[PDB]
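Colleague: Chain by chain, the residues:
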Amino acid sequence: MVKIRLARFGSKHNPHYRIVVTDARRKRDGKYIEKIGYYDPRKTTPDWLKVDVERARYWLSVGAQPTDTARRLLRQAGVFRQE
Amino acid sequence: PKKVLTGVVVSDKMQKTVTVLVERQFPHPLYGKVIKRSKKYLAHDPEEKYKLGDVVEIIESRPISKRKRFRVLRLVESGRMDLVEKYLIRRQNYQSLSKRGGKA
Amino acid sequence: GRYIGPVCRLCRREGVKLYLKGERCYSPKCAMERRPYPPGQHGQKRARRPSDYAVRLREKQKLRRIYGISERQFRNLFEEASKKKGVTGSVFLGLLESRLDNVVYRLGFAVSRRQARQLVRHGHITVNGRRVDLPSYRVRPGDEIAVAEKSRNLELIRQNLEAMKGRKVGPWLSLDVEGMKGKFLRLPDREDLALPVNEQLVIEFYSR
Amino acid sequence: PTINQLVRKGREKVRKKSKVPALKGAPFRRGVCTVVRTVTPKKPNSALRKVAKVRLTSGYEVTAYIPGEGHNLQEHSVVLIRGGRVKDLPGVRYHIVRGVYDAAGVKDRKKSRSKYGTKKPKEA
Amino acid sequence: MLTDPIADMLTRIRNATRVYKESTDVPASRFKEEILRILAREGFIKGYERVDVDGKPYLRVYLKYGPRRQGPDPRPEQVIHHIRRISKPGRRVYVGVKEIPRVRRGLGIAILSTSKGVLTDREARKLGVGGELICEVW
Amino acid sequence: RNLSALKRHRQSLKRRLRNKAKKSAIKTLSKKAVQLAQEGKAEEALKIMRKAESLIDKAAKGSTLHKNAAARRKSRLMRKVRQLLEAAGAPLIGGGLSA
RNA sequence: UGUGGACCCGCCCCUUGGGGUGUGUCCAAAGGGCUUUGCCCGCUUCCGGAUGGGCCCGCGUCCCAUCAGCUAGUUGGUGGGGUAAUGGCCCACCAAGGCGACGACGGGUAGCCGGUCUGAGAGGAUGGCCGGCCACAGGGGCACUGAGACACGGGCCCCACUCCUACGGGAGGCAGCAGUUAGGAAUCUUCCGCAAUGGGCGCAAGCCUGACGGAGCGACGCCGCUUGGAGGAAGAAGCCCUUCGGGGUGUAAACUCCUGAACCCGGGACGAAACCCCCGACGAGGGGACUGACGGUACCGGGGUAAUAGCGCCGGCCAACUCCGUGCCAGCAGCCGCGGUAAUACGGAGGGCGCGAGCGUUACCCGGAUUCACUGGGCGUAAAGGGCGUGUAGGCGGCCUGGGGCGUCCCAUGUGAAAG
Ligand SMILES: [Mg+2]
Ligand SMILES: [Mg+2]
Ligand SMILES: [Mg+2]
Ligand SMILES: [Mg+2]
Ligand SMILES: [Mg+2]
Ligand SMILES: [Mg+2]
Ligand SMILES: [Mg+2]
Ligand SMILES: [Mg+2]
Ligand SMILES: [Mg+2]
Ligand SMILES: [Mg+2]
Ligand SMILES: [Mg+2]
Ligand SMILES: [Mg+2]
Ligand SMILES: [Mg+2]
Ligand SMILES: [Mg+2]
Ligand SMILES: [Mg+2]
Ligand SMILES: [Mg+2]
Ligand SMILES: [Mg+2]
Ligand SMILES: [Mg+2]
Ligand SMILES: [Mg+2]
Ligand SMILES: [Mg+2]
Ligand SMILES: [Mg+2]
Ligand SMILES: [Mg+2]
Ligand SMILES: [Mg+2]
Ligand SMILES: [Mg+2]
Ligand SMILES: [Mg+2]
Ligand SMILES: [Mg+2]
Ligand SMILES: [Mg+2]
Ligand SMILES: [Mg+2]
Ligand SMILES: [Mg+2]
Ligand SMILES: [Mg+2]
Ligand SMILES: [Mg+2]
Ligand SMILES: [Mg+2]
Ligand SMILES: [Mg+2]
Ligand SMILES: [Mg+2]
Ligand SMILES: [Mg+2]
Ligand SMILES: [Mg+2]
Ligand SMILES: [Mg+2]
Ligand SMILES: [Mg+2]
Ligand SMILES: [Mg+2]
Ligand SMILES: [Mg+2]
Ligand SMILES: [Mg+2]
Ligand SMILES: [Mg+2]
Ligand SMILES: [Mg+2]
Ligand SMILES: [Mg+2]
Ligand SMILES: [Mg+2]
Ligand SMILES: [Mg+2]
Ligand SMILES: [Mg+2]
Ligand SMILES: [Mg+2]
Ligand SMILES: [Mg+2]
Ligand SMILES: [Mg+2]
Ligand SMILES: [Mg+2]
Ligand SMILES: [Mg+2]
Ligand SMILES: [Mg+2]
Ligand SMILES: [Zn+2]
Numbered sequence: 001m002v003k004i005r006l007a008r009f010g011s012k013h014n015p016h017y018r019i020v021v022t023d024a025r026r027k028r029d030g031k032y033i034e035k036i037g038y039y040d041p042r043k044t045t046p047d048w049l050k051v052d053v054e055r056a057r058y059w060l061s062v063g064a065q066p067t068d069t070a071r072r073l074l075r076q077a078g079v080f081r082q083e
Numbered sequence: 002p003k004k005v006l007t008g009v010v011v012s013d014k015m016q017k018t019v020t021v022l023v024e025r026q027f028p029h030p031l032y033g034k035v036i037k038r039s040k041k042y043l044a045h046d047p048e049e050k051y052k053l054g055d056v057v058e059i060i061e062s063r064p065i066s067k068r069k070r071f072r073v074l075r076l077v078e079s080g081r082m083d084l085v086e087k088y089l090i091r092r093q094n095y096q097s098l099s100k101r102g103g104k105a
Numbered sequence: 002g003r004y005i006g007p008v009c010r011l012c013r014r015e016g017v018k019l020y021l022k023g024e025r026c027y028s029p030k031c032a033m034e035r036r037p038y039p040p041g042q043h044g045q046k047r048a049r050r051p052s053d054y055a056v057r058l059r060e061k062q063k064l065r066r067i068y069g070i071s072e073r074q075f076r077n078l079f080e081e082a083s084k085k086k087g088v089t090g091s092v093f094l095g096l097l098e099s100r101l102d103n104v105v106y107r108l109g110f111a112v113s114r115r116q117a118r119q120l121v122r123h124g125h126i127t128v129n130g131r132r133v134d135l136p137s138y139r140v141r142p143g144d145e146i147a148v149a150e151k152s153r154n155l156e157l158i159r160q161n162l163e164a165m166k167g168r169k170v171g172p173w174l175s176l177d178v179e180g181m182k183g184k185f186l187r188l189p190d191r192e193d194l195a196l197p198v199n200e201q202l203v204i205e206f207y208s209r
Numbered sequence: 005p006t007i008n009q010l011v012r013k014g015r016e017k018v019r020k021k022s023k024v025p026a027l028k029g030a031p032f033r034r035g036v037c038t039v040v041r042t043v044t045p046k047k048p049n050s051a052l053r054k055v056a057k058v059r060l061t062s063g064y065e066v067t068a069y070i071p072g073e074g075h076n077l078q079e080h081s082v083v084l085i086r087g088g089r090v091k092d093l094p095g096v097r098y099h100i101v102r103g104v105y106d107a108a109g110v111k112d113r114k115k116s117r118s119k120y121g122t123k124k125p126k127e128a
Numbered sequence: 001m002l003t004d005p006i007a008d009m010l011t012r013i014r015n016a017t018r019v020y021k022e023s024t025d026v027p028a029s030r031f032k033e034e035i036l037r038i039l040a041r042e043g044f045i046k047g048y049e050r051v052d053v054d055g056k057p058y059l060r061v062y063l064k065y066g067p068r069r070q071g072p073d074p075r076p077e078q079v080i081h082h083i084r085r086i087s088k089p090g091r092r093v094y095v096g097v098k099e100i101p102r103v104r105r106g107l108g109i110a111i112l113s114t115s116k117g118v119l120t121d122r123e124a125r126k127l128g129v130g131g132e133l134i135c136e137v138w
Numbered sequence: 008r009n010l011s012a013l014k015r016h017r018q019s020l021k022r023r024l025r026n027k028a029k030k031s032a033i034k035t036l037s038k039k040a041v042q043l044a045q046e047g048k049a050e051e052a053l054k055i056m057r058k059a060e061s062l063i064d065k066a067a068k069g070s071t072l073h074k075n076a077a078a079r080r081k082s083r084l085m086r087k088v089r090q091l092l093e094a095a096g097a098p099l100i101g102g103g104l105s106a
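Each protein sequence line maps, in turn, to chains P, Q, D, L, H and T. Each residue of the first sequence is one higher than the one before, counting from 1 in the entry's author numbering. Each residue of the second sequence is one higher than the one before, counting from 2 in the entry's author numbering. Each residue of the third sequence is one higher than the one before, counting from 2 in the entry's author numbering. Each residue of the fourth sequence is one higher than the one before, counting from 5 in the entry's author numbering. Each residue of the fifth sequence is one higher than the one before, counting from 1 in the entry's author numbering. Each residue of the sixth sequence is one higher than the one before, counting from 8 in the entry's author numbering.
Keep in mind the hints are simulated off the structure, nothing from the lab. Ideal Cβ placement from N, Cα and C applies to all residues, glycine included. Treat the hints loosely; a few may be bogus.
Below, a list of computed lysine-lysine pairs in the DSS-like style, where the Cα atoms sit at most 25 Å apart [unchecked claim]: (1) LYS126(L) / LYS115(L); (2) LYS88(H) / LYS13(L); (3) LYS34(Q) / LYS98(H); (4) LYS54(T) / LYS38(T); (5) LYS37(Q) / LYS13(L).
Ranges of calculated distance between the beta carbons of each label pair, as one might list FRET restraints [to be verified]: (6) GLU73(L) / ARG47(D): 35 to 41 Å; (7) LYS68(T) / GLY63(P): 25 to 31 Å; (8) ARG26(P) / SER70(T): 26 to 32 Å; (9) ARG75(Q) / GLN82(P): 57 to 63 Å; (10) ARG102(H) / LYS21(L): 43 to 49 Å; (11) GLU150(D) / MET1(P): 37 to 43 Å.
Kindly produce the complete structure, drawing on both the sequences and the hints.
Modeller: Right, dumping it as C-alpha cells:
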C-alpha cells in the first residue's frame, strides 16, 4: 500500500532524510507522491524535525501506512496526539 | 477535452466513413514565417449524412477501428467543392514524377 | 604549492616593491634596494616594449603574488566576484582581503603573510572563540579574530604584538593589543586598500 | 535565400572529417611494425626522417613516425600509436609513443623528457 | 502592384530625405496615415496632409532635417537617420508585451500595430499590449 | 542449483488443470443451450442456460474467469438464447429471462 | 442465507457501454489465537477512497530523394471471437479502399527525458553518474499460474554453445554482488555489516534482504592542506656568462632563532529509538529495555621531529635568452616555418617564463567561425543566376466598408515532480 517513510537525502556520514508519502513498491530515494517533512538524525540544527501534522493526518486518514521510524517521528511532532 | 477539429470532406468512398482534411497555421519554429500544414483524419459517419465539400467539426472519439478515432460532430457550412478541388489537384501532379514516361 | 621559494626575487621581476617578506622589506636591504631590476642573466639589459598582453599578465601576477595564493584559488575567487553584484574589482579585492591568513597579517599578529599563514596552520589563531587552521577561511563582518590562548606566551607573538602598541590599523579593522583580540569590522572599500595594482587590468586578463 | 526557401530547404549542418582514423578515434591504438624504412622530406626540406609501418589493432595498416634522436624499432615490434602528422612527410599522420612497449625512450635526454618517454636522470 | 505598401512608404521617405526633399508623396491608405500620425507626433516629420494628384488620394509627407552644417559637405543632419521595415509579407513578426524591443537604448522608437491600434513601443507597453512589429525608426 | 520456487510451478499445474475443467464445462453446456434454443426447445433450452449461467458465476467465485469476464459470458448467452427462441419460442421455464 | 452484486428485458434520468428501477435467472464465506465464554488475527459480498496501471488522442522527436511511388488484413463495413477494456487485435462474409513531395516506401544511425557541456544569446553538441519512462535477461517462438508476468535467479519447444553421458539420456544461462577470462589505449575488493534507511513474510519474537549503510583500490574528478617561519653578505663555494673590470644563480644556502606535518600517549563519539515490555483501553498519554558495521574512526587533550617537487615552455601567434655542440646532418614542427658554420627554432647547459601534487600529450565536444548567416552571409570580374521561355503546385497581393475572430495580442486559472 501507500506509505509514509524516510528517503535518504544527506551525504555520506551526513544523513538527512525526507519524511514522505510514497508507494510501498518504489525505490527508497525514488519518486515520491508528496513530501511531508524532514529529519536530521544527528540533530545538527535546532530544526532537525519538521512535520506538518495536517498533511500527515490527511494521508493516515486515507490509507498511508507509516514505517516504525516514521511513526516515531510523526508522534514526536504529535500527529496522533488527541488531548 | 475531447479535441475538436474542423476540416473538409475530401472523400466518402467509404461505408460510414469520410476523410476529413484539417489544416493548421503557425509560425515556423526557427524561421518565423507563418506556415500552413495539414493532416487527414478518418471520421465516422454511421448515417452517411455528410458529403464532399462539407466542412465539418471532428471530435476526439473512442476508437471505431484502426485509423478511426474520430466521429463527425456536425456541419459547419456545406457545398464548397472549391476546397476539395485543391486537395484533388495536389494529388493530380503527384503521379507525374518518376518513370512513367513524363506523360502527365 | 604556496610557492615556497625565493620571494624577494618576485619583487624584482615585478619592478614594484612587494612586501611579501614582512620585516626586512621595511629596512634598507629589501633586495629591491641595489637591484630594482628583474632576476636573471639578462636582468639589467634594456627591456623591450611589453605587449598589451604582458602588461596584464604581470599586473595579475603582482596582485596574486601579494596574497601568496595559488592561481587555482585566485581564479576561483575572481570568478566568484564575477557573479556577485558590484564592481568586480571592489568585490575581488574585498574577497582576497577576507582571507583569515590575510586578516591576521593586517591585525599585525604576524610581520608578513607567510608568517601569518603558519600562525593559522598551527592553531595559534582563533575566530570567535574556536580555532581555525585554514588560511583560506573567510572572515565575515563581525568576527573576533584572536590569538590562541595557549599560545599568547610565544616569543614570536610577544614581540610581534608588542610592536603593535601605538601602531594604527586599517579603518575596516579593530585591534585590542591587551587581550590580543581583533575585529573584522567591514569588507574594505577600494579606497581603504592602497595596493600597487590596477585590478582593472586583471578583470581584463581573465577576459581574454 | 528567401525565408520561404529556408523554410523549404533550410540550412545544412556540414560535418567534420576526422583527420585520424585511429578508429574509435580512441586516444591511442596498438600495432606491430612491418617496415622501418626511412623517408625523404617535402619540398623545402631534406633529411632522413624515420618512419615505421604499423599494422594496427583497429585492422588498419598505417605509417607512423618515430620521434627522438634515435630509436630501436624492428620488424615485429609492438608499439603504441598516438596521432599527429608530420608536415614534411605526406601520408605520415600518426606519431609513435616513445617509452611504450618495444619502443624504448630516448636515452640521455634532459629537456622535454615527458615526451620521448625518459625517466628522471638520477643525478648524484 | 506593390508587394508591401508599408515598406514602400517607409522607403519613399527614406529616399526623399537623402536628397533633402521638401516633401514626398505616397499613395493613401488609412493604415499608412495612422503610421504618419506617429512620425508626426514623435517629431520625425513636420507633418502630413491629404492631397489628391490626378484624382488619386495621396499623403503629402513634409520632411524634417537639421541645420546646415559647417565645413565641407554642409548638408544638414537627418531627423530620421534610420527607418527600416520589419514584419513583412513572407515573414510576419509579432511580439508579446514583454517582448516589445527598446529601440536605441530608448532614443528611438518602434511602431507596433495592436488590436488597441497602431502604437509606439512605449505607448503599447503602457497600454500593456503587444502586436505586429511594423517597423523601427530612429 | 535447488530453489523451492518449484513448489509454485508444482501448484500452478494443479490450478491450470482445475481452471481448464470449469471452463470446458461452461463452453460445453453453453453450446448445448445455444443449440436447443436454436431449435426452438423452449423449456429444456432455458433450463440448461440456467446451469450454464451458474457454473459461470461460480467460476468467477474464485480466480478462473473472475471480473466482468463471467458477465460477458452470461450476456452473450442470455442474449443468443433469447434471439434464437425468436422462431416461435415462448419462454417456458423462464430461467434467466425477464418477461 | 441474498445486505448486496452479475446478466436478459422493460421503463425513467442521463447520453457513445453513465445512474436508477421493476420481473425473471444467477452468485457468498475460513478458520485460527489467547490476557476464553469476548477480545485479537483472519474470512465473505457490496459501495467508496487511496495508490499503481492498461488503452486512445493533438502536437513535438536524427541522416540520404544517388530511396518516389507504397499497401490486400491493405482501408472501411456487418456479425462474431477475444480482453479488464476500445480496436482488423483475430476471424467469416461484403465493399474498394487507404497512404504519399506538408517526403509515403526504402536505406542508414539511435533507447527518450529531467538535464549536461558550450555559447552574449539564438544556437550547437550530448544524455555518463542521480531521478522518470521504455526495452531486453545466450538467440527465436509460446503459453501456464496469478490482482498483476507472457515472468533476469518459473515452465514448454526450436537453435547455438558448455559440463555429466552405464550413449538411451540429461544439466545449464553474472546485462544481480565480488571475481575469472577474452577484446581493448582503459575501468576497482571473490570487502565489513544489517547498526541505520527501505523492502518481503510473521500477532509477535524474528527471519530474509551483495536493495542499502560502510570500508578497500585508482591523483579519474572537485575542494581543503603540506614540503616551513622570521633573521641572515653590497653578498660563500660550485656552475654560468664575461667588453676580464666583472655580471648571474641569491637571501637563495650555510647559519641563529621560532612554530612544529608526520609520529607517540590519554580520552573518545553523533548517527539510536523504535519495534518490545509495564501503567493506561493492545488508543492518546507516561515509564523502562535492548540495539553501531563504520571504529577506537572522527574529534578533544598532552608530547613532538624542519620534515616530498614536479612537469611544460623560453622564433611570431605567446609570458620568458645566453653560451656550447651540431651544419639541409641529427633533428624540431599546432599554424607560419627552423637546420647547409658565427640557429632566440635542433641537442645540452646556465638563466628565465607558466603552473604546481601535479604538469604535459593524444582523442573528442562547444567556442572563436556572422566559415549554413533565424538573430547573423552571399552570387558582374573572388565560389555562386538556371541557355531561354510557357506555365502546374506552392509562396506572395491594391483602395474603402461590414461580419467572423483562425493567425496575433491580453487577462485569469491549471500544468510545468524531485534533482539540477
Ligand atoms: Mg595534433
Ligand atoms: Mg554456477
Ligand atoms: Mg466437449
Ligand atoms: Mg436480493
Ligand atoms: Mg436498464
Ligand atoms: Mg443512453
Ligand atoms: Mg434486477
Ligand atoms: Mg475463536
Ligand atoms: Mg491501390
Ligand atoms: Mg467487446
Ligand atoms: Mg470487426
Ligand atoms: Mg475479404
Ligand atoms: Mg524512413
Ligand atoms: Mg542501439
Ligand atoms: Mg556564435
Ligand atoms: Mg550557460
Ligand atoms: Mg542552450
Ligand atoms: Mg537537448
Ligand atoms: Mg537514468
Ligand atoms: Mg511497463
Ligand atoms: Mg552474456
Ligand atoms: Mg488468469
Ligand atoms: Mg542470473
Ligand atoms: Mg589485452
Ligand atoms: Mg536492515
Ligand atoms: Mg526493516
Ligand atoms: Mg628563509
Ligand atoms: Mg622545539
Ligand atoms: Mg529490531
Ligand atoms: Mg494492559
Ligand atoms: Mg507509548
Ligand atoms: Mg603544543
Ligand atoms: Mg628545512
Ligand atoms: Mg615574448
Ligand atoms: Mg651530427
Ligand atoms: Mg621542443
Ligand atoms: Mg644562417
Ligand atoms: Mg620553440
Ligand atoms: Mg636551443
Ligand atoms: Mg571568447
Ligand atoms: Mg556558426
Ligand atoms: Mg561569404
Ligand atoms: Mg575566372
Ligand atoms: Mg566566377
Ligand atoms: Mg541569363
Ligand atoms: Mg551557366
Ligand atoms: Mg539546362
Ligand atoms: Mg493567397
Ligand atoms: Mg491585402
Ligand atoms: Mg475583415
Ligand atoms: Mg482567435
Ligand atoms: Mg503551478
Ligand atoms: Mg524542479
Ligand atoms: Zn622584498
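Colleague: Now tell me if each hint is right for this structure.
Modeller: Results of checking the hints against the structure:
1. Between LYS126(L) and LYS115(L) the CA atoms are separated by roughly 14 Å; this keeps the pair inside 25 Å, and the hint holds.
2. Proposed proximity of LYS88(H) and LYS13(L) is supported: the alpha carbons are some 20 Å apart, at most 25 Å.
3. Restraint check for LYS34(Q) and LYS98(H): satisfied, since their Cα atoms lie roughly 21 Å apart, inside the 25 Å limit.
4. A distance of roughly 13 Å separates the Cα atoms of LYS54(T) and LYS38(T); the hinted pair therefore holds under the 25 Å criterion.
5. Note on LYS37(Q) and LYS13(L): the hinted pairing holds, with a Cα-Cα distance of about 15 Å set against a maximum of 25 Å.
6. In this structure the hint that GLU73(L) and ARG47(D) lie 35 to 41 Å apart at CB holds, the actual value being about 37 Å.
7. The given range of 25 to 31 Å is respected by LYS68(T) and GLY63(P), whose C-beta atoms sit roughly 27 Å from each other.
8. For the pair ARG26(P) and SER70(T), the supplied restraint of 26 to 32 Å holds, since their beta-carbon distance comes to about 27 Å.
9. The beta-carbon spacing between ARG75(Q) and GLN82(P), approximately 59 Å, falls within the hinted interval of 57 to 63 Å.
10. Our hint of 43 to 49 Å for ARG102(H) and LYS21(L) holds, since their Cβ atoms are close to 44 Å apart.
11. The beta-carbon spacing between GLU150(D) and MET1(P), approximately 59 Å, falls outside the hinted interval of 37 to 43 Å.
Hint compliance for this structure: hint 11 alone is broken.
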